[PDB]
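What follows is a single chain, given as structure tokens, in the form deposited without this ligand.
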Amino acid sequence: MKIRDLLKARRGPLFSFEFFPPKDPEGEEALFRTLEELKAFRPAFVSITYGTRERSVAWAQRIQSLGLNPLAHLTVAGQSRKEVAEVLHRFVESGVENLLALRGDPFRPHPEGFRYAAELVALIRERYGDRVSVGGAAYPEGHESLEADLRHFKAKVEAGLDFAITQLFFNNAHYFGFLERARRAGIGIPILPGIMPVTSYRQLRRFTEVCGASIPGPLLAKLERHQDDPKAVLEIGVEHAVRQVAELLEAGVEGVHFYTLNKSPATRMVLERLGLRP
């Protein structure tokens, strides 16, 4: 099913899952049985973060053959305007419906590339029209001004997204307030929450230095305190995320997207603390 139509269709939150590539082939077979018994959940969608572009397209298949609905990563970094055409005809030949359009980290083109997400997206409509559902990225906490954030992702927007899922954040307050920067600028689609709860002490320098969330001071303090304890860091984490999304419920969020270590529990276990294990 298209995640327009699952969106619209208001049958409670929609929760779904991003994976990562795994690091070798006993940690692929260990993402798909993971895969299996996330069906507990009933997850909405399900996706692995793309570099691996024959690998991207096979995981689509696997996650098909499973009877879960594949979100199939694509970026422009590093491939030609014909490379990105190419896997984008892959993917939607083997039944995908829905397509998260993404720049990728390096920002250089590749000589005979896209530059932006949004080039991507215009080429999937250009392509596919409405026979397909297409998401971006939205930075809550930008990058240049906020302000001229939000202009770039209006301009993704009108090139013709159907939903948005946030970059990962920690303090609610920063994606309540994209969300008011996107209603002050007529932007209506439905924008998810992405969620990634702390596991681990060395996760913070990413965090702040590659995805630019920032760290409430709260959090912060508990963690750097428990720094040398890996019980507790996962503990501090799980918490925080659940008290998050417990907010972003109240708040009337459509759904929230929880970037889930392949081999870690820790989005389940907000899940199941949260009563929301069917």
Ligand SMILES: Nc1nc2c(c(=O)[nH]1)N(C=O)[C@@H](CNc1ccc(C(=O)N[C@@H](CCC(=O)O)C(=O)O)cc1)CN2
The other form holds:
There are 2 protein chains.
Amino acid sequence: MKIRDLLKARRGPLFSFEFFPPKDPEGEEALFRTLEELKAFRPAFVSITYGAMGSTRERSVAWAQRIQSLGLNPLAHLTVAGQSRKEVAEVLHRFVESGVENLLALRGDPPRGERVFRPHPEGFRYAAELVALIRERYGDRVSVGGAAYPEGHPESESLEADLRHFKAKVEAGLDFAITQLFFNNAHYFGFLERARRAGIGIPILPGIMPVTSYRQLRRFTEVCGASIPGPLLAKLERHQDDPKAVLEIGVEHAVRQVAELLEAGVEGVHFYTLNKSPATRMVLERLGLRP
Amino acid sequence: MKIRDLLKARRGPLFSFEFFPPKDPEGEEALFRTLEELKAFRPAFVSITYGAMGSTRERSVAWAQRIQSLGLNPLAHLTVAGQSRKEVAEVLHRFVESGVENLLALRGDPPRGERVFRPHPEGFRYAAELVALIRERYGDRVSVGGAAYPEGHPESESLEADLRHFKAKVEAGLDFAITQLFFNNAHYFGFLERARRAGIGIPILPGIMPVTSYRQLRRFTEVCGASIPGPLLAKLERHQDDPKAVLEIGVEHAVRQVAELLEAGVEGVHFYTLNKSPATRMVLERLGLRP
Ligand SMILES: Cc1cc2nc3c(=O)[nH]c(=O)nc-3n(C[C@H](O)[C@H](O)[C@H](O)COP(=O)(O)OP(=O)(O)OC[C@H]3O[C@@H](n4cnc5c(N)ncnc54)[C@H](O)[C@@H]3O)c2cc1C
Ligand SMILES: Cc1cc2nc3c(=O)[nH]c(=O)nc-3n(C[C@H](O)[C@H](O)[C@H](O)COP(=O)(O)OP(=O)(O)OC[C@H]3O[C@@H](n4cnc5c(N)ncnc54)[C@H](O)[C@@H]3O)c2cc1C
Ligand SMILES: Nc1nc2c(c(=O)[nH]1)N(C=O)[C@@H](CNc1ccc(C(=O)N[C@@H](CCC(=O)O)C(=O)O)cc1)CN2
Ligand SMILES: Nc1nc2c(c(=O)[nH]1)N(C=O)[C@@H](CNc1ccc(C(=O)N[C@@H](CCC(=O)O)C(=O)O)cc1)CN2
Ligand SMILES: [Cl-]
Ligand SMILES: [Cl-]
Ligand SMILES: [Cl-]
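Could I see the form deposited with this ligand bound next, after the form deposited without this ligand?
All chains and molecules follow, beginning with the one already shown.
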């Protein structure tokens, strides 16, 4: 089913799960066994992150197919970095021809943690251009989401400019958005309020990634642009050499985050799930949301 | 200044304060000494609650004039209960001719000790009818707000019906709304999300009243329609006969609420302040907003 339809129809919050390209063949098989086990949670949709510069272009199409053949609903991530417009359109075509009904249109990061993005010579610069391409070619026959940033893209000059750019991307033809991970719910609620004042009505699903390793904080702050609230940071610093303690801290924090989001009427939660980590399923189990 | 203009031009949250009709002449002078002291805080606007059934209709106009003469910006509350349309229109005209630029258009509750609202036979039935009068008769000469109910008016059939009627009130000509008091921030955030999905973009300011006595809970739940979160209700139940402890519980609860609302970038906070209670001042001190 199209995500826009799942959202309109829901009997309760939609839970979705995003995984990562596996590192080796054993890991790939283990990921697909995990997806099979994940039916226990009745996921609204599942995805695997797309390699930013197109490194996974063939594998990603085959993964979308394999997800569908397990009876799960794939959200196909697609980026524009490192790829020509023709190359992007070819991958898009292969997803849709495969029966994919749901696309997440993304830019991609610049490589190796560089601050400044440079498009491929015959490529796109902005996710909005890929949203518009999808609509030009497929109209409403697919559902299209994009990324939202409650705390702003790191490269944006202000939250106000970042919101204007989000509105422009919505206007290119998004049906929904999924946020960047965050640890401070107030920043998600603040972004929703800015969106409301700007006349944005589409569903905006919070993205949650429980902290599972202390080493993650550098990526979360430097790449993702997420802030770590005082109390959480202090607990992680105090236990930074104890991986078991860190996991429990991250799960407990995410449980409290998700409980408040649900009480605040979110349409769903999108869980960023490291392939070998049980943390996101632990969060749903602790909230009593395992069917 | 018109509240619509203050909101558009704001550089940080607007803080507003609502007091109550004084009970005797010394209480009246004491209230105006409190308002004089409040000037240093630079509130965006201040108000005194309009008495049930028109009981303060002349005093309220004089009080709005006295607020102006202190250099403060009055918000004039005006209800329709227990008064003819012509009477309401007369008080409205007195406010406008006093130089009041800001009106809060309200229905009013049924009279003390009655549970059913019945309009005056030649009066208005809904706040939206007053909003419409103001727009027809004064247009942009005034800025008009209305009440919003994150947890629904008690007498509404459902939250969906409540929101539809809120939307109709907005459409009649609101520039902003101020919420009913609440104790669970998630219900405020949830209301904003429902409003966003219904295409309501006007500023909606949270109303906060710290719990100062156990006896208040009856009014808060039965008349105001607010829910009391379990942990708060537990603490209060245990300390009913310790007023000092109840004040501390209420103040701390309100501090934590407001800290999160401010982190969520609300356009302002509206404090319901009993004239002789230090609770609001204590909240502002604990937040670092007042010395
Ligand atoms: C839910 C989710 C899933 C993701 N999945 C993947 C994935 O599978 N693969 C991957 O590589 N990455 C993925 N990402 C990461 C994403 O690619 C990066 O965060 C990237 O740096 C920005 O992508 P974007 O689509 O948000 O960019 P865009 O929306 O294109 O924005 C890029 C920058 O340009 C600015 N901008 C936009 N419009 C204008 C304008 N009109 N004028 C000026 N500036 C403008 C924006 O504010 C922003 O600073 C994901 C992110 C999220 C939140
Ligand atoms: C910020 C704030 C300040 C206040 N100040 C005062 C004050 O100074 N003095 C005072 O007496 N009271 C005051 N009140 C209280 C208010 O008068 C009561 O809560 C009252 O019961 C409802 O007033 P309202 O304006 O919200 O009613 P309305 O908006 O008129 O709604 C009344 C009921 O009718 C329903 N409804 C609305 N339109 C329609 C329609 N077209 N058809 C059918 N049903 C409809 C609503 O859903 C609701 O159930 C204040 C409340 C707030 C939140
Ligand atoms: N800017 C941006 N935001 C994004 C993404 C991204 O790539 N870039 N993601 C998707 O595109 C998601 C986040 N992706 C993540 C990928 C890895 C780790 C992580 O914990 N990595 C470990 C190292 C793991 C390893 O080497 O095996 C770490 O940083 O310690 C965290 C988040 C959502 N938002
Ligand atoms: N429905 C409704 N909502 C409303 C109002 C109202 O009158 N009715 N208010 C504005 O119109 C504000 C709340 N007004 C309040 C008025 C008094 C007390 C209170 O504490 N009263 C004491 C009695 C004190 C006494 O007898 O002097 C109590 O209930 O214990 C609380 C809130 C905001 N919302
Ligand atoms: Cl964006
Ligand atoms: Cl006139
Ligand atoms: Cl209403």
